[PDB]
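Trainee: Letter by letter, the chains look like this.
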Amino acid sequence: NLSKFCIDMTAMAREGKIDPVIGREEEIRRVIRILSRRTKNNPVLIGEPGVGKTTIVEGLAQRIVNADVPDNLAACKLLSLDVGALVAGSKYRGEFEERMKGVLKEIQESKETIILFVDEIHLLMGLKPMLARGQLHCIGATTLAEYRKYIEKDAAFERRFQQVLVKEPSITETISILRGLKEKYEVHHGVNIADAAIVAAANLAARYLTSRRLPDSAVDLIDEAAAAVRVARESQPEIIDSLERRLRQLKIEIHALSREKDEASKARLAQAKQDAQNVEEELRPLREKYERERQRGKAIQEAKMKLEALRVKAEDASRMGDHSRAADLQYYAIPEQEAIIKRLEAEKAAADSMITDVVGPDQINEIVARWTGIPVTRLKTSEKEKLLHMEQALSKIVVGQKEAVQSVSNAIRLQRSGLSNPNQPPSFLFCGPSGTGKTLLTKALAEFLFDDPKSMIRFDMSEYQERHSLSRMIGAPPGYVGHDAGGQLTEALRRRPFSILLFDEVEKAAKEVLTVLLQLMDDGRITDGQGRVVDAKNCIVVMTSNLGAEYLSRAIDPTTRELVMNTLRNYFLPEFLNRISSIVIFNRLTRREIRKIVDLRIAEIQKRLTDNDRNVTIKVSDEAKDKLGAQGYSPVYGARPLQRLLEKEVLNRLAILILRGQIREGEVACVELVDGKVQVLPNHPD
Amino acid sequence: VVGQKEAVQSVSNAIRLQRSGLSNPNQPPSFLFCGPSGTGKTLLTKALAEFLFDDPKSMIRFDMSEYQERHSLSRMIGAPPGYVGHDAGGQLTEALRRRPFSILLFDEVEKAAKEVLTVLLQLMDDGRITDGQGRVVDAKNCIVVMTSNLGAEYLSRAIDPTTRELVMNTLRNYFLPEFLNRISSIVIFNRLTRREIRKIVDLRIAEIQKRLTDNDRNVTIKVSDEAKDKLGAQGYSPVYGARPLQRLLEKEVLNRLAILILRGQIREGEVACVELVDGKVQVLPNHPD
Ligand SMILES: Nc1ncnc2c1ncn2[C@@H]1O[C@H](COP(=O)(O)OP(=O)(O)O)[C@@H](O)[C@H]1O
Ligand SMILES: Nc1ncnc2c1ncn2[C@@H]1O[C@H](COP(=O)(O)OP(=O)(O)O)[C@@H](O)[C@H]1O
Ligand SMILES: Nc1ncnc2c1ncn2[C@@H]1O[C@H](COP(=O)(O)OP(=O)(O)O)[C@@H](O)[C@H]1O
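Sequences listed follow chains A and A', in order. A prime marks a further copy of an entry chain. In case it helps, the authors' numbering puts the first sequence at residues 15 to 140, 155 to 380, 393 to 595, 603 to 733. In case it helps, the authors' numbering puts the second sequence at residues 438 to 595, 603 to 733.
The hints are simulated quantities; they were obtained by calculation from the structure and are not laboratory data. All C-beta atoms, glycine included, are put in the ideal place defined by N, C-alpha and C. Hints are supplied without guarantee of correctness; some may be wrong.
One side of the interface only, derived from the structure: several residues of chain A' facing chain A at Cβ under 7 Å [stated by the list, open to error]: (1) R498; (2) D500; (3) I652; (4) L656; (5) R661; (6) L698; (7) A702; (8) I705; (9) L706.
In silico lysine to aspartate or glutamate, EDC-like type, Cα no more than 16 Å apart, as pairs [unchecked claim]: (10) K551(A) x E503(A'); (11) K115(A) x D96(A); (12) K424(A) x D733(A'); (13) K494(A') x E622(A).
Chain A residues, not near chain A', derived (Cβ > 10 Å throughout) [said to hold, decoys possible]: (14) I199; (15) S293; (16) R655; (17) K695.
Using the sequences provided together with the hints, build the complete structure.
Mentor: The structure is reproduced here in structure tokens:
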């Protein structure tokens, strides 16, 4: 029998082997409704990895055994085909075909009405279960991209399925899932889980673990924290460790001192016995309280496990009409058990760091820090603290755009405090000359909000200038130009919801593409090429332009404000400009502002020198710093030429002199203005 | 929409005339909104969209500032094969095919090229238009709203009936009499009074109050009378009407109200009192830092 490749999900439901399903009621109704059709009655779940496609099928198994299904599905055996163990457990040989025909024909013959679930069904499309006589009912699962690239390219097979879009849960929806799962993961690892950790896991998974989708990214995070405390609780506390070792040390010293015959040894041998006794007097109360209390936390955890097992037997008794055994458990066994837990737990808090058996926000922040590589100190700081000094944090990166930094900071504060439309993402149009900070501010925002430059995604509107390019942005219907690649924007929103979308040189976008941005800015959601609406409530929109550099001379001025804004009113329609949260204007950088930018860059070069072994300190004379700022600025490219200019004039020679030994450890690399050209001079002749 | 009772009654009566079957079934309801900027012309059209179709997307906006020259007509209806914008089609004709039950808003209609106006008259008179390739597209089930401000000169803050034909004679030279005659209702917006401007302020804090309630926060915004007065005085403009009001509240009240909330100086269950201190609107903390 080819039960080697399938697991009975309906069986697992009767045995309490399926963790609870939270929410997702409308999706399970859709699956039931599709299955009950006679038309195309095979649902295919379409969603990103980890959004909960499988647990939807698991909920259906729970509904089949609980009679919460229509009659046509009540006596169904819902089987899950292990396609992973099928294609990987096989080679090019004819065993893939032979193995699947075997299972497909065991389904054929036996007389249970059987619904086959195949997760990652695209792996079966590179095979032919055309048993659509009404022999088998199938539930498929895959991602949207793989549905497009592998399932959508065999229409005849596809048309017998009906899409069910499974969107990613909100953070709020995610904690409801984690809260509902809380007790299962408590009893499983034998530890306790605080609610603030659950809120921490959901909020942090969405913000920093952008590589995996909710709620899986939050589930994996709590599960790893719990496993990290499963070993902490089975280890002696730190103070019992330290005490026990000094005690063993003093016992060594006592045996040794008792051998030496002299006046000073005997006076401290007696002191060593006392020090040993003092340690033992501090250690015995503690070591006793620890074991006393780890033995009870373990007695509680099995008390919880027999309770759960009783409820499985009780649910199955009442399901099978055995009222005799169902009365045993529901009225006597289970409340006798529940009374044992109530008493053992009540004394637990009453007994009363030590015995770490709790998943707290610290354990979540530490687990994430190891995975994400961000220092734990940066994850403990409250969002409210950062946002209150946001202008401070950005101004360390962006010079001379105080009016811009204030606008970005105020808009973000408006949304975490709940005063902005919750269906509209913050939207920005940066306007001003090249090399003034428009892109840089957006990078600083990315690293401030998500502590990662990757959190921003860049779209260059120079590549979306014609009406033909819209399919590149959102995708295309089947059989069209770029149906399979999808859209750049739509695919970015599905896989990186908490992102900053930078649209560079937005003035060049085709009017059809601008229309998509207005939908993004107004409704917080867009429609892809196939009518599907993808969500975007949790992104940030930054658009950059330079249509105002004509009226900005190096000097911010308020009369110049509407000459650039009237230049904007003809390129963009008034409804476009009205739906932008803040139209922000960058002015040209002054000579002093250009000079601090130079100090910023030497500070970074100074950091790499310090980050490596070298104790070389870069100091810049005033007039040399002045020539760098004069050679660096350009009325056309702003501060862009500055990074390369320093490299060419200062850094090239500074390298050579370091490796030549003409600037040694502990000395200063003095960069001067000699004969009107910036140079850095040696400190020792060759 | 505050302070445009004569306008709301006109829109309401015209719609009632057509669901009850007393208006021409081949003519869509057509409106020309006339009056100063920021008086409610666009807003009333949005409210109509959300009232009739419970969706702001049910309206489609055409800015006549982008149809000022005779060349622009092909943008409106399309072009014969091989011409300028044959493939993009027309904005109006493509909108009517794909969104028949729509509200078509033509903003600043006074600036449309006379050829484009001709298309609107066909839309208003026959309920159908001809695209660039002679094809006739149907439009029996749409609504036409046109906005203008050619009458703001003769409307001081006070609606008055002698002022009615000074704005309507200003309309008679920009638009031909057959154009004006085929419009279901020529509706005039007057300037908003000081009390009307004040309820608009209460409307906007009510929306900010809703988002606060819609999120977790039990912070209640109350506005003193004189602070509410300064907001309405700083907000109104004889040129931009009530447009500066939304940003003014954001700049003076909402920016600080955010900071104080995240600082904990206005906590759950308390009131954000917005006052007039030293002649400038501010919202004060309830607890020192
Ligand atoms: N509605 C839900 N209720 C409880 N747990 C859920 C829910 N949705 C997802 N999960 C959890 O998320 C994790 C991965 O979900 P899963 O259904 O395997 O995602 P997918 O199958 O879409 O890759 C599982 O550990 C599961 O327990
Ligand atoms: N205001 C500024 N503060 C600091 N550096 C700046 C500033 N403006 C420009 N730069 C430098 O110039 C480079 C490019 O600037 P950027 O902001 O990308 O120009 P744009 O305004 O065209 O987006 C950045 O890497 C940065 O080093
Ligand atoms: N009568 C009014 N009632 C309420 N709000 C108004 C009124 N008039 C103007 N506003 C405010 O001003 C903004 C712009 O008004 P709008 O009606 O677009 O001006 P216009 O008359 O130029 O179309 C609206 O978003 C609205 O908040």
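Trainee: Give a verdict on every hint.
Mentor: Hint-by-hint comparison with the structure:
Checking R498(A') against chain A by beta carbon gives a least distance of about 6 Å; that is within 7 Å, so the hint holds. Checking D500(A') against chain A: minimum C-beta separation of about 5 Å stays under 7 Å; hint holds. The criterion of a C-beta within 7 Å of any C-beta in chain A is met by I652(A'), whose closest approach is roughly 6 Å, and the hint holds. A cut of 7 Å between beta carbons decides the hint on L656(A'): the least distance to chain A is about 6 Å, and the hint holds.
Checking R661(A') against chain A: minimum C-beta separation of about 5 Å stays under 7 Å; hint holds. A distance limit of 7 Å between C-beta atoms decides the matter here; for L698(A') the minimum to chain A is near 6 Å, and the interface restraint holds. Satisfaction of the interface hint for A702(A') is found here, the shortest Cβ-Cβ separation to chain A being roughly 4 Å, below the 7 Å cut-off. This hint holds: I705(A') has a C-beta 4 Å from the nearest C-beta of chain A, less than the 7 Å allowed.
A cut of 7 Å between beta carbons decides the hint on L706(A'): the least distance to chain A is about 4 Å, and the hint holds. Distance restraint check for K551(A) and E503(A'): the Cα-Cα separation of roughly 13 Å lies within the 16 Å cut-off, and the hinted pair is therefore satisfied. Distance hint between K115(A) and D96(A) is fulfilled; the C-alpha atoms sit about 14 Å from each other, no more than 16 Å. Between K424(A) and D733(A') the CA atoms are separated by roughly 14 Å; this keeps the pair inside 16 Å, and the hint holds.
Pair hint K494(A') plus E622(A) holds up; C-alpha atoms about 13 Å apart against a cutoff of 16 Å. No beta-carbon of chain A' is positioned within 10 Å of the beta-carbon of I199(A); the least distance is around 13 Å. Under the 10 Å C-beta cut-off, the non-interface status given to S293(A) relative to chain A' holds; the minimum distance is some 63 Å. The beta carbon of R655(A) sits about 36 Å from the closest Cβ of chain A', which is more than 10 Å, so the claim that it is off the interface holds.
No Cβ of chain A' approaches the Cβ of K695(A) within 10 Å, the least distance being about 44 Å, so the stated non-interface status holds.
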